[PDB]
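Fit chains B and C with the ligands to the given chain A structure using the hints.
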Amino acid sequence: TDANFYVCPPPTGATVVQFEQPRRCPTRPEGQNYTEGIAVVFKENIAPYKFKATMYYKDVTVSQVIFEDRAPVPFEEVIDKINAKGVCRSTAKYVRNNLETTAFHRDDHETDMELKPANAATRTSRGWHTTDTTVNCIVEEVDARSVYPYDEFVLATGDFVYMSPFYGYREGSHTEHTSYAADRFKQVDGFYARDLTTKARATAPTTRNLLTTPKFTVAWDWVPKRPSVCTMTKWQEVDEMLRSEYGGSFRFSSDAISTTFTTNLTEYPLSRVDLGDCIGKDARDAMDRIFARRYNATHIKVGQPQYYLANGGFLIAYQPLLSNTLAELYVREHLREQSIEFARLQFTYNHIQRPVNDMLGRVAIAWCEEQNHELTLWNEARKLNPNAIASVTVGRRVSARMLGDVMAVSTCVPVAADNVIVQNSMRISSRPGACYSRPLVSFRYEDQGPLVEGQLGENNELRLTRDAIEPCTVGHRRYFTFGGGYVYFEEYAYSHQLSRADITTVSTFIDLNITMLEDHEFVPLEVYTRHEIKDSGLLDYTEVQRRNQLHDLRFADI
Amino acid sequence: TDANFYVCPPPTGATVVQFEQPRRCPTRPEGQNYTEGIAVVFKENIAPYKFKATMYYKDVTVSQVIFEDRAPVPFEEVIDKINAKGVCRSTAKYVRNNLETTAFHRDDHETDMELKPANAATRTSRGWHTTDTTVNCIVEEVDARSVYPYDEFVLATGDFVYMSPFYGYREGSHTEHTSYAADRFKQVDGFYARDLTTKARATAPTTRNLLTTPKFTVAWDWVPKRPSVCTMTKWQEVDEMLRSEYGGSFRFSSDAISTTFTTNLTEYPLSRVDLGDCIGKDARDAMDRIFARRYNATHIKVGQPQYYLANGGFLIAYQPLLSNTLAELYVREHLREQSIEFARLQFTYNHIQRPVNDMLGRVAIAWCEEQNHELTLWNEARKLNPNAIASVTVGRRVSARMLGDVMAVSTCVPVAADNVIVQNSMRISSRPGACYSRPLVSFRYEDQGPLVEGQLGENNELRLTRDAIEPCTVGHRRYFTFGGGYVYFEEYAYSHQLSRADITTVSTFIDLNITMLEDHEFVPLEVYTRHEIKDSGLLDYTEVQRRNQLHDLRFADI
Amino acid sequence: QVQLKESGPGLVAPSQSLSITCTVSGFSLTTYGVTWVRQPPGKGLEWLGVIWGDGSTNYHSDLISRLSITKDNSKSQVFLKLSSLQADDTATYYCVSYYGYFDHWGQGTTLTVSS
Ligand SMILES: *[C@@H]1O[C@H](CO)[C@@H](O[C@@H]2O[C@H](CO)[C@@H](O[C@@H]3O[C@H](CO)[C@@H](O)[C@H](O)[C@@H]3O)[C@H](O)[C@H]2NC(C)=O)[C@H](O)[C@H]1NC(C)=O
Ligand SMILES: *[C@@H]1O[C@H](CO)[C@@H](O[C@@H]2O[C@H](CO)[C@@H](O[C@@H]3O[C@H](CO)[C@@H](O)[C@H](O)[C@@H]3O)[C@H](O)[C@H]2NC(C)=O)[C@H](O)[C@H]1NC(C)=O
Ligand SMILES: *[C@@H]1O[C@H](CO)[C@@H](O[C@@H]2O[C@H](CO)[C@@H](O)[C@H](O)[C@H]2NC(C)=O)[C@H](O)[C@H]1NC(C)=O
Ligand SMILES: *[C@@H]1O[C@H](CO)[C@@H](O[C@@H]2O[C@H](CO)[C@@H](O)[C@H](O)[C@H]2NC(C)=O)[C@H](O)[C@H]1NC(C)=O
Ligand SMILES: *[C@@H]1O[C@H](CO)[C@@H](O)[C@H](O)[C@H]1NC(C)=O
Ligand SMILES: *[C@@H]1O[C@H](CO)[C@@H](O)[C@H](O)[C@H]1NC(C)=O
Ligand SMILES: *[C@@H]1O[C@H](CO)[C@@H](O)[C@H](O)[C@H]1NC(C)=O
Ligand SMILES: *[C@@H]1O[C@H](CO)[C@@H](O)[C@H](O)[C@H]1NC(C)=O
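Those sequence lines, one after another, are chains A, B and C.
The opening position of the first sequence corresponds to residue 1 in the numbering used here, with each subsequent residue numbered one higher.
The opening position of the second sequence corresponds to residue 1001 in the numbering used here, with each subsequent residue numbered one higher.
The opening position of the third sequence corresponds to residue 2001 in the numbering used here, with each subsequent residue numbered one higher.
If you are wondering where the hints come from, they were derived from the structure by calculation, not from laboratory data.
Ideal Cβ placement from N, Cα and C applies to all residues, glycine included.
A portion of the hints provided could be inaccurate.
Here chain C is said to cover these stretches of chain B; the calculated rule only asks that three of the stretch's residues, wherever they fall, bring their Cβ under 8 Å from a Cβ of chain C [unchecked claim]:
| hint | segment |
| --- | --- |
| 1 | 1116-1122 |
| 2 | 1271-1283 |
Listed next, the stretches of chain B that the computed footprint assigns to chain A, with coverage defined by at least 3 CB atoms under 8 Å from CB atoms of chain A [to be verified]:
| hint | segment |
| --- | --- |
| 3 | 1091-1101 |
| 4 | 1480-1487 |
| 5 | 1506-1517 |
| 6 | 1531-1538 |
| 7 | 1550-1557 |
This is chain A alone, in the form it adopts within the complex:
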């Protein structure tokens, strides 16, 4: 078998995911009225609306070697030159030194030229341009997303558009939010699209919107707003959650959520809203399902469920429970007082509540300490390799990088293994003494498509930039992941390919049956007579920490 390759692009920042941090676990339990039970937490339905938008812009530069900037394209040029004929006007207008100025392509004359598809781009992010003073016209199709407020929508490039995607004039959408002058927007009725790759023209009309931002022109199809779905969505069904009362506020804790919620001790009147049919129905249905799964044989329900609004925008549904052993103590004590109703009886017998408070207290503290141990370790690995940590946290291969203290994320494009080829050598002939640290690769996004140049990354990743170069060494030997198996390289030359099952695996935590042997270092004689560094494998943490120390010494020498 062979795994699919991935060409992960660099995220621009359209999607930023903050990540949780450690907490202050109490040294000794202090919460009152401890109790276990089932819970279902609901998150605010952000209602993400995704759509594709076309971006237009031009580039202008001076041939003397200066003054390079970007500017948008007017509306008439997009709907007449580009839409009707797929061509861009040669002349371009811009502001230079706070003064109106113009330019032309090679200063030839006022003419028109057709647009051509981008050389590499992506199959899902098609783009076009007029050329691979100088003027260039560029048109690109990118994705866009909007949230419940629908006041702004972010493009795939990371730039926000302060305007509602549903704004228009066809269906009285003038009331929609907008932050641009009336002269900066235009809507066309009966508009027909034209795929520049084929120029076959659209088959049916689609009203098109057009906006001109200070840096580019954006256009998207105006679609009526869909009916609003339920305002809340099930975030996660908690199998077990402990509730504690302290400081006039409840405290909910779990082992899987890794977060503590706080409420005002008053049940939110869910009945006040007619959405109970969406939340009350889904919530109650989950309580019985979880209860029948494991609590039907050992626990008993205590009254009807409860709903509370927690800090951060979460709605927590609750169903307090108590073990059969604790139930025996309550009924036994109740019989003494008599000389069946668990509600309005729990927390009454202080002597019976004293041991359970301490018992459940250790469980809550244990989860908090364990979660802090995992959170601090997870956060460190996240900074060390956001690609692997981001991919596992979402269940699919994903690209990500840290934009300071927040992590930007984007999706990766997969490519089949039969569409990639690896070069036979990793040495660069342009300059001796330097060679690529990883094998070079050439591939195509799809079968029969154009070939592109790139470099092999980690975990079948395909890098579009060939920059992983390093001073070369003697006795080189490395294994690189390539599809299902591995590709072996020695002395910066392709040797052969081997499968995944041809190498010893240590899947288990501890394996003492490794038939290892005392390796004897064998260095070529050129290391002594020519003083050329010998191979040392990838840099260990101390090696990189020690390697930069030498750089400081070299700088001091200089």
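Coordinates of chains B and C with the ligands only, in the frame set by chain A:
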């Protein structure tokens, strides 16, 4: 809500915490006489004695551009010039080329000058100096600590003082340890303090001690030695601990301690010491509390508790236990032999001890393997970020760094969020092409206090040195933690501030509902026409590992 | 030179709370502590407690449940408190400073518990 900021100073080494390492877990169980039970381990009461001490010293240098060194200040100058008037003598004495030498401030004349408070310092580490040949007088108030032996006390600067803090002549303290000549120490009766910040003079006397070390003069108030407290203290109450006999020595193991103790198979005669009332009382009280918490319903106590001295200075109290199922086997077998007393009966029936030895053997081995897995991962993260690992291990924000193979630790000073301001720009105008990697900040240690300059660190940390500079890039976008929320910066310019709840959170381990999109890289045209590097976020582990490779190539080119 | 003087009610009823204040001069209470000692009629001395320069305090095992000591550094006075007084509490209370170990002692106040 907003979290308090922290200005963590660099630890000097007064407090060094070594940290545990992996162990050699047995591949198969080999211990004999396995048994479970409750345990309470006691550590030697080090009895840390903390106090504040004042340090005095002078600096002398030559104006020609040489010979810069430090020297202490005599006793008469401290008690007459500094204590009575808060001034330092202009002239200073020192040894140059193994010869007596003197100096003066600007070579003017023999005069006196007053001391002024330190420009930044800390509210809890107040310091003073005469000036912000050249001579400068400095006086500082730092913390000191001493351990049970009371033979030496370490100052906050990390320098040890080989002398007992209780040494003196008032109450016959001549027998206290000391390693300095009699002429290097002086004690003053009826001494009056004077806070240099106010010069209000003390209200009541306090006998003061004075010592002159080779580098500085130290003075502290002589306080009589407090009565000695119990010699041992409860280190941790073990909820479950397994005891095994092997190689003529017991072996105690637990799941929370992560350390194995070894004893000589002989109970330490705790009754031999009268401290049993402190250890025997506290120990026995913990045995019943732990037993009544979870072992009263499933286990039975086997005889009276036991005490053993383990390697490393630990005293382990024990209470062997056995499950009810195992109890049935013993009583059932005892009845056969009869053709109630669990003591002197356990380990007798070999056929009954054979399965329990193997059963508990897996538990002990399982804990050892799991602990090694966590220890090796924890130790690696410790080297990667001692500040976060040190803070969670103690429960409070703390500063720390690795002094080779040992970690030095110190406490951090908190500052309110309303006392810090962030600059609107992070670009430095002194030299184009370079700019700070994090926003600059200005704050004050307390309300109405003087303002200080610094840089914003990680996790609301405030750095007193502005040195985090980097080659600048195009399309810059970063989020930095600032108080409760985040501060957004783009193109090295302050954009706006946002709250903590305005970013998607992935608190749970796996979240598949991330509404991400395929980001399309948007680079300014100057990257091509001006060849200026584009932003790439923080450096991934491979990037830093790949970035230094280029440096090696650049050095080779040079 | 150091001196200490006690001030109390002299006579109190049983089961009430006692309050005695010891005024001291000659040393700063911020650095040195003060110890309390009592002596019933015809018996030896008995240690009650102590308050060091810091806010920490130590009390006898037989009086920890009822004994309590506080102070004020500005006034150089140490307040002694004792709740649930019994009949045998009748004794002469003294306040002994730590400028030394037990160098200076106060004159002492004779207290009697009776209705
Ligand atoms: C739990 O209860 C507290 C206290 O009642 C709630 O905080 C309160 O929240 C209300 C809004 O729901 C705040 O009122 C608003 O405050 C400011 C002026 O302070 C202004 O914007 C508005 O005119 C309005 O009055 C109120 O100030 C605030 N009180 C406090 C003491 O913070 C809290 O929201 C409740 N939490 C949950 C999760 O239900
Ligand atoms: C467990 O038992 C062993 C063996 O008895 C203990 O080791 C012994 O410890 C004593 C001191 O307690 C050592 O005696 C001293 O040794 C040297 C000369 O070797 C010298 O400094 C003194 O004159 C004195 O004799 C003794 O040598 C040492 N024996 C061995 C074989 O190492 C051990 O301390 C016990 N462990 C525990 C935790 O109780
Ligand atoms: C724990 O729960 C009990 C039972 O609800 C609380 O005790 C009651 O408190 C209310 C006021 O909140 C009183 O009117 C009742 O008389 C109390 N007793 C009973 C039997 O209901 C108790 O306050 C809760 N504990 C905390 C710390 O809030
Ligand atoms: C396990 O414990 C048993 C019981 O104490 C030990 O067996 C006794 O050993 C002593 C000498 O240490 C003998 O005098 C007894 O006759 C033995 N039997 C009994 C029933 O007490 C046994 O030695 C221990 N195992 C190991 C490996 O030390
Ligand atoms: C709970 O268990 C009882 C006893 O077996 C059974 O009758 C009942 O149907 C169960 N209920 C659910 C909801 O599983
Ligand atoms: C090899 O594996 C066997 C089990 O298959 C194990 O018993 C043995 O100890 C192992 N040998 C080594 C040298 O680790
Ligand atoms: C142990 O449990 C028994 C049976 O319920 C009970 O009588 C006894 O008081 C319990 N002892 C302790 C110390 O909790
Ligand atoms: C979104 O969350 C729901 C539960 O609220 C889950 O069933 C669904 O699979 C999630 N969708 C995706 C695309 O991950």
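Each hint, compared with the structure:
| no. | hint | in the structure |
| --- | --- | --- |
| 1 | 1116-1122 | violated (count 0) |
| 2 | 1271-1283 | violated (count 0) |
| 3 | 1091-1101 | violated (count 0) |
| 4 | 1480-1487 | holds (count 3) |
| 5 | 1506-1517 | holds (count 11) |
| 6 | 1531-1538 | holds (count 3) |
| 7 | 1550-1557 | holds (count 6) |
Of the numbered hints stated above, those contradicted by the structure are hints 1, 2, 3, listed in ascending order.
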